[PDB]
Amino acid sequence: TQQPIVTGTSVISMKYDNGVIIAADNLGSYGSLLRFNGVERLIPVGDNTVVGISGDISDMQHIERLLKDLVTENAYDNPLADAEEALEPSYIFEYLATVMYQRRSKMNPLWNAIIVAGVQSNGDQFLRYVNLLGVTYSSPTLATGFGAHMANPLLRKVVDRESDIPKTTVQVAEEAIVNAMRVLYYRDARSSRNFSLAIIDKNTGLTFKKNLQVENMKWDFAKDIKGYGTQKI
Amino acid sequence: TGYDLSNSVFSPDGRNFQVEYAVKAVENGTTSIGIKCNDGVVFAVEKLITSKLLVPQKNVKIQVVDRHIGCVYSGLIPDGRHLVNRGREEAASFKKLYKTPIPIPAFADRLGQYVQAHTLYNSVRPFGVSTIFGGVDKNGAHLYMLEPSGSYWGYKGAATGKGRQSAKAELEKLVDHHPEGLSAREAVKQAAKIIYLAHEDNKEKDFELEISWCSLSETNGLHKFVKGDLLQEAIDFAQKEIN
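Chains M and F supply the protein sequences, listed in that same order. Following the deposited numbering, the numbering of the first sequence begins with 1 at its first residue and continues without gaps. Following the deposited numbering, the numbering of the second sequence begins with 2 at its first residue and continues without gaps.
Please keep in mind that the hints were generated in silico from the structure rather than gathered at the bench. Note that CB positions come from ideal geometry on N, CA and C, so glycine has one too. Keep in mind that the hints are not guaranteed to be accurate.
[What the hints assert, rightly or not] In silico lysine-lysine, PhoX-like type, Cα no more than 20 Å apart, as pairs:
id	chain 1	residue 1	chain 2	residue 2
1	M	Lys-68	F	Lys-194
2	M	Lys-68	F	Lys-169
3	M	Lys-68	F	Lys-225
4	F	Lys-169	F	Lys-139
5	F	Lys-204	F	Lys-241
6	F	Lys-62	F	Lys-139
7	F	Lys-100	M	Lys-68
[What the hints assert, rightly or not] Looking from chain M toward chain F, a few residues come up when the C-beta cut is under 8 Å (computed):
id	residue
8	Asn-74
9	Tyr-76
10	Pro-79
11	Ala-83
12	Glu-162
13	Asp-164
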């Protein structure tokens, strides 16, 4: 991909005491045209990984096919494909990151930003980022695009350092994620009101909520805004 | 003379003797069977325990292709692994191009064309395996058997190995007695029975039973190995059925 066509906006995520949460809206934009709705940008892998992808949608579908074939291959000649030798979030990340950096180095990137989120076999929380440059980093909160500018400041007021992760409950984290989604719908011109949200909990497994909607929006004060300065009516 | 020294050479009868020698290599192997049920297929294989140093339940013999195909083979096991690798490549290619998982007849013909190509030149050796495979696709259940010559057909039941003859006899009995078709669990039980029966040709060594199945209702069209309680139930059925 040399320039993106159908694109998806921010993907937000954070860690909490027993797992991770990741969310993304269901919109595929075509420039300034909000062309496709119902576009699922969260790719669940196994019972312990969710991959949130933003950027070129065709490249995202290519990554979907890649993850599908990766699951199929790990199943081969693997009597423990559902137990000890099942796919881990770190495996899926490292694979995607290798691919991203190899495509960048071959001067033909996958025009994406990716957040892999899940729970390891030992219970640890995995949350890591990789983009079209091969850049990787990890933090208690992770967001792409506009989220990085708006979701992270909010989400970081809950988990500012590693020590805050045990203190954070799943309810607090999900509330923060939904509020950040509302803020993005307020201020991101390439966002949608409908979004999907995935929880990866080391006890309850993978919870996948689709067709969510931004609720409890404040719009009343708009009636009190007249003109742009001196106008009174 | 010397017509059997080089592969892909025609004898004056019109035969390829190297393929027949590969068939002998196949007949030297252990017994493996497949049974087509009402909504799926069942695969079973006997694994000789040469020594108790062998780890039980490990050394798995049945292989999976894509997520819906099961393959078992009798003969040179590494040749079977090579064939299964090629088949996995073929299925992956088919899915990547056409989105849908590869239909069972299509996969059968892929394997068959590969094995046949392995009889066209003197620079390659025929496969020393007979392969029973199949699964569930959009057109239902399919069971196939493929010979070292590249020949392959669809079967109600199939069997190869040293005990292939008694297995075929029992399969013909099962076919005659059940014109309506077997259920997946009944087919698993009958596969266990036929494996235990055909083991008598290797009676001097202990054997371990390995079963897998792909049923539209019991496994949701996916290939899964029969283990745990169902495997023990089939083992007990066979045990009290040999008496």
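For each hint, the structure was consulted:
| no. | hint | in the structure |
| --- | --- | --- |
| 1 | M:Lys-68 to F:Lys-194 | 37 Å, violated |
| 2 | M:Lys-68 to F:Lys-169 | 39 Å, violated |
| 3 | M:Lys-68 to F:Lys-225 | 18 Å, holds |
| 4 | F:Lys-169 to F:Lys-139 | 28 Å, violated |
| 5 | F:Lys-204 to F:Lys-241 | 17 Å, holds |
| 6 | F:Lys-62 to F:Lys-139 | 27 Å, violated |
| 7 | F:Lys-100 to M:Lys-68 | 12 Å, holds |
| 8 | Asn-74 | 11 Å, violated |
| 9 | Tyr-76 | 6 Å, holds |
| 10 | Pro-79 | 6 Å, holds |
| 11 | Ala-83 | 12 Å, violated |
| 12 | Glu-162 | 39 Å, violated |
| 13 | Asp-164 | 41 Å, violated |
The structure is inconsistent with the numbered hints 1, 2, 4, 6, 8, 11, 12 and 13, although it conforms to all the rest.
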